[PDB]
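Below, in structure tokens: the form deposited in one PDB entry, a single chain.
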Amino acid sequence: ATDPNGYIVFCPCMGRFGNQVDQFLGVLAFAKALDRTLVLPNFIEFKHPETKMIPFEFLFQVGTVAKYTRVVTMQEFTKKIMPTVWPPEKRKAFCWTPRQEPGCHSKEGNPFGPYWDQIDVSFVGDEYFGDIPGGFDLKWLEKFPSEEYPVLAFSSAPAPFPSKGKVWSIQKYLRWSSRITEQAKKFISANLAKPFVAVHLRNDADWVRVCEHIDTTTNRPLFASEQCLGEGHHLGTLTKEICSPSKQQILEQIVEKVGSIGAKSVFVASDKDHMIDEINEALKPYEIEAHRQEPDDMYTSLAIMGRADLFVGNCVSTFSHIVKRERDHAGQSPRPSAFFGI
């Protein structure tokens, strides 16, 4: 049987993987609060000639996320549930309010178009929820009953971004697929003498520009920055030094952390410059080396960093934030983490 309360389906249609996971935690909480089954999203990759959709279960374990709230895979929804529960005629798009005729416009642009195209979904009308007192920070049952609205479909994730502290613990329920876990275990065993320090070096050209725009006087959250500076930055000011450490600062801090734990190796995950030769020179006095995956597979890198004896991340990066939350919440006790410039 299908869920009498109905379903929620959405596109994680903002940003790259760290942003998608950040909003997905909020959506999980939203679905549980509404008591509707969540269709697990396809994640989205952009580093290809075309946008590419990745099934949830390629990356994470369905069994584990189900321990938080009721879920179904996109494949089950698409093949088994949709045809009778949600036929083309009742496929309505849900959004906050009409936007610039005025409506949700759920399939314009990228990845909005390709995401819904992938599952052969087009929308035939709009439903608005901006007038519901409190929005999605959980009337919804009053406004959208299951019989007429079996599926709530959102082209934008119905979740805050950046994520609120309240949902960070939901990362406990995102467990890497067995394939990724095994790839991580194998790389560690073959390459990384323990204890090892794992570091995230976020350093592509677009990033340095993001950091150089930091306005220290207004000191607002930027992406994941509350993971080290607290809600609304109550613990301090976000600086360029934290957002984009100098090569010198990276080396000094890696060497310090190697010393602090008696590390026997270093793992580096990077979007661009892994600094392997530079780190290796700096580590010569300790007779250990830094190691990277070739090529650098983002998911296996996240998994390796979650398994590290010590993780040093980038406080602003939502990609680092995945690792921080996993280390904080996957187990019964947190595994230690630090951040550059903190």
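Just so we're on the same page, rigid core means the largest C-alpha set that superposes within 1.5 Å between forms. Residue numbers count along the first chain shown, from 1. Compared with the form deposited in another entry:
Here the two forms are overlaid on the core, and between the two forms the C-alpha of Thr216 is the only one among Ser246, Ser169, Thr216, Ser178 to shift by 2 Å or more. Core-superposed comparison between the two forms: the C-alpha position of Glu76 differs by less than 2 Å. In a rigid-core overlay of the protein, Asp117 has its C-alpha displaced by under 2 Å between the two forms. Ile188 shows a C-alpha shift below 2 Å between the two forms [criterion: core-superposed Cα displacement of 2 Å].
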The other form holds:
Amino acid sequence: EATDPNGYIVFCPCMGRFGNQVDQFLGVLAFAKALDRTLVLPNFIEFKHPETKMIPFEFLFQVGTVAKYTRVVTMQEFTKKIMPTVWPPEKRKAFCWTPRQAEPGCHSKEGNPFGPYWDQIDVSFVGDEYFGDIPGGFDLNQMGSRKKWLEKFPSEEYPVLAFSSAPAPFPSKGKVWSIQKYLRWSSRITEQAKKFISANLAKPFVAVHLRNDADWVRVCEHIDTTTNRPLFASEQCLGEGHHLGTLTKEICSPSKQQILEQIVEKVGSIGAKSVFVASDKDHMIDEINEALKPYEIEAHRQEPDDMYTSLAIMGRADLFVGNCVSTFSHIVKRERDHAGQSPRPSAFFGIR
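Show the form deposited in another entry, please, the one above being the form deposited in one PDB entry.
Since only the chain itself is given, any partners or molecules it might have are not part of what comes next.
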């Protein structure tokens, strides 16, 4: 019915894959609340055979729950009710930090997933706006920055702030992690997880995330122990600014030997009766089963490995062993920390 007189934020989760998108989305939630505009829930993005698939927020997560954090609308609602009445085509401007080259601009629809995401909701942009000139950019907790935002893009002139990418830092700040208390798997996904667990995973079970597709080597080449800077999600196991210790290649990219040894250790730590493995490539089922044979238990995977059901299963594990650098693992860690009545235990490869 009524539309928000403070205006709206819509954005493309245009950086990285699902872990990346969620990580920034928590920040966008914090941003929308502080600014006090209603957030249009994004379509998440999945890169497949030839196509870029936009996934409705509500296919993955419950709107009811996220609405307990801040004012939200589904993309379906935005497209049907809000856009036709508050955001006519002549007012559709894109927002980004600073102009860049392909005439310099936001280039909000150049390439993949940029073009397809906006095509999905029949948005073409008629002009660009920049916010990078505001001191502290999208950090609304810098004194004066919020006032400056409301001065530069008032809701009367700009009913919809439409961002080329998430208006949030990457990696996420520690202060926003607990916001994923407000992300709850759709019933569909939770039921797929529950069925796999009851059929295949005698309790208590250890769930492990094996991050090992071809893009990972380069990720872990980033590690230099002398400077010990945060790398993607590493602060999830080493604390903000790595106050707990040193990021190592053993943490980022454990060897097969190290993986098997630590699975065995974690099985023994809980008297586990089964192991679940989620992986982007090599689930190591044969190697793990061989390593677990003296202990008369097995490892199990989904066939095929659906990334969302996999995250949900790892969230329900008695013990989760994740990859500390991975933002995909970070989703599980944050669910285990914040989703429930009380926190459920997590561990990571290479960290004591």
